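K.L.:
Spelled out from the first residue to the last, the chains are:
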Amino acid sequence: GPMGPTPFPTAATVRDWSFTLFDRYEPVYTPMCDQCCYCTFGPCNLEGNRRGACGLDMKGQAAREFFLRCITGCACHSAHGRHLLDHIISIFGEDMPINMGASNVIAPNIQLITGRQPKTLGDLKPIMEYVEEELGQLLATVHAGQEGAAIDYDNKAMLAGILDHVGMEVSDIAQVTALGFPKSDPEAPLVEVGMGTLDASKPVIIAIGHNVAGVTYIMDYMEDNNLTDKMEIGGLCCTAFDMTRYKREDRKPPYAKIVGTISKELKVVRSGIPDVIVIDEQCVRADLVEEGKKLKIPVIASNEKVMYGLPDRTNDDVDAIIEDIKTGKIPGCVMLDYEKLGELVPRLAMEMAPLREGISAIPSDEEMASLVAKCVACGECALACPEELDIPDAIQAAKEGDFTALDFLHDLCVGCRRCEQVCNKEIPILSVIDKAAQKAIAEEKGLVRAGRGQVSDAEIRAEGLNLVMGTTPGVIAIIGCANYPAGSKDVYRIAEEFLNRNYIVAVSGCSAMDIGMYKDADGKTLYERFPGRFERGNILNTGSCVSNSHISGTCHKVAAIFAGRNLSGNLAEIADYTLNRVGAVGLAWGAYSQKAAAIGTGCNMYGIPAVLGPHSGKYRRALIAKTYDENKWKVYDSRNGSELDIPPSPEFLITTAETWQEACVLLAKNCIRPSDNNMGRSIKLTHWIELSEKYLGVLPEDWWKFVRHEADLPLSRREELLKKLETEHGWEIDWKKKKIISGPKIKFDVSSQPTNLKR
Amino acid sequence: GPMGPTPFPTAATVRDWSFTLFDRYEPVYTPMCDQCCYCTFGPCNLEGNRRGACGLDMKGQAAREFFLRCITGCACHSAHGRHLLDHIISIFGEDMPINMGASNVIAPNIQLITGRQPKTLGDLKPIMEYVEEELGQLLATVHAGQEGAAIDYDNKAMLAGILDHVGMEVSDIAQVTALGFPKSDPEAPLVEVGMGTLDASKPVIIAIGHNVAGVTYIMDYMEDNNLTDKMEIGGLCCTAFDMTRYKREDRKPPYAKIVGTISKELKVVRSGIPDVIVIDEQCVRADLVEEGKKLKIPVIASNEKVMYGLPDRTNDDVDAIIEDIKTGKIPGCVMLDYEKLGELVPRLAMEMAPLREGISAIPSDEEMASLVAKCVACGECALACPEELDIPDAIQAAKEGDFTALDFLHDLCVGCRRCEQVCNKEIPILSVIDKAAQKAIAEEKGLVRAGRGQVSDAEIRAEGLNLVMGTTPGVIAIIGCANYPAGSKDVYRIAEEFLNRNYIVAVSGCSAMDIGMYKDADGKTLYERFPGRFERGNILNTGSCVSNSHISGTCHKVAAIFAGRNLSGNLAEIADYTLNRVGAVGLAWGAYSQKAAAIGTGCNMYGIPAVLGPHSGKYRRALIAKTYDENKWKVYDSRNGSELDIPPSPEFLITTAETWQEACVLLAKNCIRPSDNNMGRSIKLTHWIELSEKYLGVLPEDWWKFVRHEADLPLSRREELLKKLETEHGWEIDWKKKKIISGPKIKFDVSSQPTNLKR
Amino acid sequence: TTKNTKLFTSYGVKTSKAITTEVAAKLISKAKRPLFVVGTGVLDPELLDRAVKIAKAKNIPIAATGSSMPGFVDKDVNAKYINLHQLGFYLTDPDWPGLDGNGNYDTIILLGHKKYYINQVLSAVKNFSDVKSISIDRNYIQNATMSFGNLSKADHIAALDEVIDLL
Amino acid sequence: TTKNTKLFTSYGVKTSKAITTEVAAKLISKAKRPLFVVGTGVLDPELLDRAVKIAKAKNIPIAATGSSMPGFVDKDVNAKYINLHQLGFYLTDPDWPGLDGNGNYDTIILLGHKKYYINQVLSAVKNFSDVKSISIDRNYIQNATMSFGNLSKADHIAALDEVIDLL
Ligand code: SF4
Ligand code: SF4
Ligand code: SF4
Ligand code: SF4
Ligand code: SF4
Ligand code: SF4
Ligand code: SF4
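Chains as they are written, first to last, in the authors' numbering: chain B, 40 to 798; chain A, 40 to 798; chain D, 4 to 170; chain C, 4 to 170.
Since the hints were derived computationally from the structure, they do not count as laboratory data. A portion of the hints provided could be inaccurate.
Claimed, not checked - Dumping the calculated BS3-like pairs for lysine-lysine here, alpha-carbon to alpha-carbon at most 27 Å:
| # | chain 1 | residue 1 | chain 2 | residue 2 |
| --- | --- | --- | --- | --- |
| 1 | D | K35 | D | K9 |
| 2 | B | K164 | A | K164 |
| 3 | D | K9 | C | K118 |
| 4 | A | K333 | A | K164 |
| 5 | C | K6 | D | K9 |
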């Protein structure tokens with residue numbers, strides 16, 4: 040077919056596009072240190088942008104650190120994909136047609152990057168070999184004296200991001216086409232998520248991690264022996280989504296449950312509910328064994344990436360391991376045999392449920408009396424709290440009797456146990472907060488729609504006109520982790536506000552879990568208040584982190600199916616199209632992990648801006664555009680190659696917001712795109728203006744830079760905005776016919792083709 | 040053939056060995072920092088071995104940092120190997136048989152790890168795919184909250200080390216079998232190494248980096264156009280070794296020269312000698328363009344890993360690039376086309392030699408007048424000096440008139456330019472030192488024997504009996520970088536001392552360059568004072584860092600050829616044999632790079648202890664054995680699996696020495712092995728005792744723990760040591776026949792087989 | 004207001020100089036082109052009162068970072084909205100017109116900011132720019148030119164009262 | 004001897020307490036099982052003189068790390084050779100009999116050590132062990148319990164003379 044300039048791209052093939060992006064969106068480096076602790080020549084003081092012993096300056100070191108984070112995230116996703124694909128090929132078979140629904144392009148990222156069009160599962164192995172080889176080449180650059188410019192480190196970070204998206208696509212395709220995941224179903228079943236959805240009177244298996252291959256055998260054993268009714272299995276992190284989507288092509292509600300995000304791991308463990316804990320990989324707290332030994336909770340590892348120092352009993356019989364765990368000889372085991380693990384974990388749950396009875400780390404009513412009337416509010420825990428909660432004030436107010444302060448703190452706390460280790464009184468503050476919010480914990484329930492996987496091309500063809508023309512106000516992609524600044528309600532509030540205005544909201548990862556945990560006055564979550572299709576005012580859950588590739592997939596399929604441009608090895612042109620026409624913005628409010636950084640960078644390279652939380656300023660790189668330099672905002676009209684001016688939107692590719700209201704205003708503004716129809720620009724300007732006036736109290740000061748015609752003004756406020764333009768900015772307005780005759784810097788073009796590439 | 044338990048091993052297959060090793064050699068973590076800045080949950084304070092927000096403690100963080108360094112080094116070596124092998128296959132062909140001399144095991148590391156026996160250049164591609172896939176799996180573990188135990192991070196570091204010794208083997212095999220490198224020649228030509236070996240009256244091309252594929256085209260152009268006589272080409276770092284080994288199967292001396300190690304890069308650039316600088320891939324200072332612009336020195340990059348931000352003009356014609364560089368339009372370029380680069384660099388050297396005339400950054404006298412007599416010895420540069428040289432004192436003494444202090448400091452300085460940025464007077468101290476030692480620079484000449492590559496099986500079969508029995512006192516492998524604490528003479532002194540005692544000294548990397556730069560009273564270097572075969576009192580140079588795999592290959596071939604044990608996928612047994620019988624110790628006096636850490640760890644996993652410089656305590660891990668715990672020193676006799684006691688040797692697997700005399704004593708002691716012949720042990724004890732008495736003034740206090748018989752004692756001092764044993768330790772001695780009858784803890788066994796594996 | 008300068012995690016070896024109230028007042032009244040950078044934490048009834056008075060004292064223009072603009076709508080101050088990460092990026096460009104069009108600002112006064120946010124934003128200003136930073140918040144900001152020490156709410160309010168008394 | 008505590012690169016927030024001469028003498032004379040850890044830098048004839056006198060004062064056993072044993076051969080002191088990394092690893096094991104066989108040492112006195120070496124060796128002692136460290140060297144050792152400030156050679160010699168005068 041018609042190929043492209045950059046198939047199987049490397050750091051040198053994508054350099055032109057990366058530098059074109061960085062020319063408008065300058066990188067901003069916020070170093071976390073003024074020292075480089077890398078080789079034995081150092082550490083070198085780089086404060087004041089000085090140079091180390093190798094000559095690297097502060098910007099180079101910050102860029103290297105961010106690039107290392109990006110490649111670490113890409114390596115996580117690629118290793119997950121490789122292991123999952125190998126297991127699927129070994130069990131199911133290599134020659135299995137790929138089944139992702141009724142799509143003309145099952146792999147919109149694989150085709151865009153590697154130029155290939157996979158048909159079976161054996162055609163995903165060369166792609167994974169390309170993502171591992173290039174990952175090795177990129178990790179070779181973190182060495183001392185192996186590069187020196189920050190700009191090329193940024194280019195390699197962009198390449199790592201796109202490779203991460205390719206790896207996520209590979210993993211999601213492999214698991215969806217095999218494990219019977221929903222195939223683009225817009226009405227996937229609603230499932231119950233929450234700590235209070237687990238019945239403590241039954242054996243409980245808590246599956247923490249990200250890989251679903253290991254736990255499929257556990258569920259097969261449970262179904263084959265008729266144990267689903269007499270046992271409970273609950274997932275944490277994205278493995279919960281993967282288990283929930285398992286075998287759900289029949290749309291029947293599942294029996295496995297979702298317990299929460301990473302912030303709930305320590306709370307779940309300390310509550311004593313789990314009877315067995317099985318860990319898989321990726322986001323897994325590195326202190327589970329220490330707490331489980333105190334609470335008599337066995338821990339089974341099932342991976343080579345995570346083994347926790349536990350004894351390896353893979354070749355041992357199941358019964359001997361059960362006896363060894365029951366007698367307390369060992370605090371856990373590492374079972375890499377999937378059949379043996381699937382047999383062992385449920386039997387271990389049965390044999391350990393009666394042994395541990397009401398065992399919990401929560402003080403009941405008496406130890407807390409001293410634990411609260413022992414502290415003197417010395418302020419060390421607040422200094423050690425990542426969120427800087429007023430823990431001494433809350434405890435002091437609890438001393439008088441009012442315990443609602445810690446009840447409030449429970450939502451604002453992430454369960455990290457950093458307050459209990461700086462105290463000089465040895466107060467388990469987290470358990471105190473847990474009991475102070477025990478009522479909420481018992482009433483912590485919600486509904487989340489199961490991951491739909493990939494968006495079919497029918498909905499994409501129906502919605503591409505609205506997206507490109509601007510009729511639909513845009514696609515807000517709420518992704519990322521659960522390291523929120525002010526609790527898990529900011530994402531819910533943003534999603535509700537942007538669904539009330541007919542945006543297309545697409546969620547994935549822990550953000551979907553946090554969104555589905557809150558209810559309105561009628562007790563209905565957002566997932567039952569709004570549908571799950573790909574159109575205006577519809578929230579659709581795409582799945583786990585490995586399914587964050589599907590959002591960029593829809594972004595590329597808008598240019599492929601609708602615009603008609605070819606996808607094979609055409610990263611630059613498709614990214615330019617997405618950056619110039621498609622209105623899509625990502626939001627990672629609680630991103631902490633390197634995987635989130637890799638996903639955000641890959642979305643940047645594809646032309647999708649992203650707004651992160653205040654905690655994500657520790658990634659040491661943002662991409663921000665100078666809105667006062669008129670020389671940056673010039674594109675080439677593809678019809679004749681002449682210079683065409685564009686509005687300053689998006690004014691960034693990665694930025695961090697302080698509060699969720701500022702995030703709402705940013706998301707509303709940065710969905711505006713060049714080549715916006717009159718109706719589309721009118722809708723987007725209307726929504727941005729109302730959001731800014733509601734959440735900041737003032738009209739945006741840059742609103743007059745986005746008006747190219749009276750038609751572009753909001754219909755309800757056309758007169759007042761016309762008066763504002765007439766008086767404040769001296770624009771000449773033909774008032775007889777409500778016409779704008781002088782003042783706009785860019786005349787409205789009926790059909791223009793703005794692009795950044797001269798070719 | 041007869042396979043082994045662990046072919047294509049992973050983190051779980053090598054876990055048993057790794058844990059067997061760590062049971063005797065406990066890890067010692069020296070955390071370089073009290074914080075972890077990995078995810079946005081942090082930074083987390085881990086002082087006092089506290090736990091972060093993910094539960095990781097200080098030991099876990101230090102182990103993760105060291106493991107990240109190890110995988111970075113492994114990735115460097117593996118990427119070098121993959122790129123070199125791809126280029127060789129593309130140009131020469133996939134069907135070439137591997138030519139590594141007369142060896143029945145051309146790949147002693149590939150066969151040991153992957154179980155394969157390559158016979159063609161196309162049989163090295165699956166191996167490199169295994170090293171990239173496992174590298175991706177290992178880099179996936181650096182993610183936040185992935186692993187949770189320091190011991191498993193150590194196990195993964197050991198796996199990363201071995202997969203490095205595999206990647207280095209692949210790269211060396213690929214380049215030796217193709218580029219006509221010497222094939223195990225014990226009479227490789229002596230080449231001139233030194234800054235003063237370059238004639239400033241001719242055009243000079245300085246090749247900095249590690250990859251030789253790019254510069255082979257430059258040399259082909261120079262030879263084809265008859266330019267070797269009228270031009271000079273000099274290499275820095277290991278690319279110099281690769282060039283001087285190019286096409287040297289004919290033993291004719293080369294025309295390319297060696298300028299020095301990494302410590303000489305800035306000095307060479309500032310001296311103004313280079314006319315064109317071409318940077319390949321590794322160990323390249325990241326400020327070359329900044330100095331070259333001031334000294335009008337063009338810079339050409341030739342890799343994707345190193346681009347320096349320079350314009351990419353790969354598709355442009357050579358003449359246009361030459362004109363653009365000559366006019367000063369650009370300060371360099373990136374040329375990934377090898378033929379065009381090979382044509383451009385010599386022509387650029389010709390056209391730029393007459394333009395730059397005596398341009399240098401070395402003030403002679405009058406400009407140095409103020410430069411020296413403006414400082415007031417405020418002590419900031421000494422605070423910023425990595426070696427903590429008395430720079431204020433040297434400058435103050437230079438003010439009076441005596442300039443010999445800075446002349447001395449020149450050898451003790453590494454050219455890192457960290458003293459010129461903390462100064463509040465703006466003194467180019469490095470240039471001051473350079474001129475103060477200008478006379479030495481003019482007299483900086485030496486001879487180094489070209490890399491011989493791999494050790495042939497004939498010499499190994501001749502020397503294995505002496506090595507295993509102890510007749511040869513041991514193999515000292517002086518490897519590593521040039522970050523020395525007290526100048527480049529420590530390695531020379533150690534090599535001379537250990538060659539005077541008939542050890543087998545094998546050098547590689549920058550250490551060979553530093554050893555060959557010093558001469559005795561007759562003006563003969565060590566390479567002409569001693570031969571280059573594999574036997575007692577012979578220094579042999581193996582080549583570049585990629586040739587450090589051949590030392591471990593020799594250690595494995597001792598067990599393969601001599602002991603007769605099979606090699607295919609038999610890492611544990613061969614490593615146990617090397618640790619228990621073969622006397623070999625590595626020395627990395629100036630290791631700074633992550634590659635050195637990976638090489639040291641891989642040598643640890645193979646059972647080869649290593650002594651590092653004082654600067655290598657910043658690697659955050661050592662492997663040290665408790666010499667007072669009698670329970671650690673127990674092995675199993677392979678005849679009947681009974682417990683057999685062994686002497687506390689080696690007392691470490693990785694340690695750091697303070698001075699070179701302590702390093703000599705450590706190397707002498709830790710060459711002692713279990714199952715040492717009464718002669719082998721007499722020789723080793725004699726040498727260790729003499730070295731300890733010479734360099735510390737005292738008899739070793741642990742010498743009586745290594746005596747098992749009268750003949751184990753040194754022959755010359757048998758009587759006095761017998762008296763010392765009789766009086767000090769109460770041993771009962773039959774003085775009629777100088778016999779021992781009571782006192783030794785371990786009886787001498789005529790034929791014992793000590794091993795650590797019960798199986 | 005300098006007694007407590009304790010920290011949990013350090014950015015390096017160069018820290019902020021803990022200043023008294025008189026020193027802060029002298030610096031505020033000594034600057035030429037000052038800028039009052041106020042975060043969302045200023046919307047606390049106890050702090051929004053002072054911030055407005057401090058701005059009214061020397062007619063300092065106000066950058067109301069985040070969702071803190073609502074507190075400066077009806078007041079008699081010159082307040083404008085700007086993203087902190089875009090403000091920090093713009094302060095390192097000498098050729099930036101500013102919030103009005105007269106250039107950059109030689110010093111920036113910080114009030115009511117989250118510690119982990121302002122520290123990271125100031126890491127890009129104290130290193131790549133030449134702008135002085137005066138942190139009058141109750142926390143100890145390490146990546147600032149001059150900062151207040153750790154203070155309680157009552158002590159922070161008293162220090163702000165002392166500062167405005169000296170303006 | 005505490006005026007200059009300047010550092011180039013830090014390890015964290017917890018640093019060493021710059022102690023005076025009298026404090027150092029009191030701590031040396033107050034310890035129960037002390038250990039004099041002397042590096043190769045003690046071979047300077049200005050320092051080997053004092054080190055021997057300090058050892059003779061309170062009969063402190065000496066760990067002559069590195070190639071510093073030759074300076075303690077003929078002297079009337081109890082000196083033994085040990086590797087610094089090995090010594091630091093052994094000091095974190097409470098069951099270590101010691102250089103003589105009577106257990107560990109509660110405090111270690113450091114003299115004549117290279118900064119980058121002793122700092123990294125002490126990073127494994129101040130974190131994983133319960134051993135006090137008194138650094139009487141002319142440099143400022145950050146990873147020590149109590150250390151001297153940055154001093155010149157003459158000032159370091161004078162401080163050592165004062166230390167011996169108070170012992
Ligand atoms: S990599 Fe460069 S900046 Fe970092 S420690 Fe080494 S010499 Fe210093
Ligand atoms: S650290 Fe402990 S004593 Fe201090 S305020 Fe917090 S809970 Fe109270
Ligand atoms: S566990 Fe919660 S309250 Fe304690 S430090 Fe962590 S986030 Fe703060
Ligand atoms: S980058 Fe991390 S490990 Fe290195 S000095 Fe800074 S906080 Fe410490
Ligand atoms: S990885 Fe763990 S220790 Fe490191 S910053 Fe994140 S939470 Fe803290
Ligand atoms: S930093 Fe400069 S002024 Fe200070 S002692 Fe060194 S050379 Fe002299
Ligand atoms: S350039 Fe030499 S003298 Fe200057 S700081 Fe580096 S090592 Fe020390």
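K.L.:
Are there hints from earlier that the structure breaks, and if so, what are their numbers?
P.N.:
1 and 4
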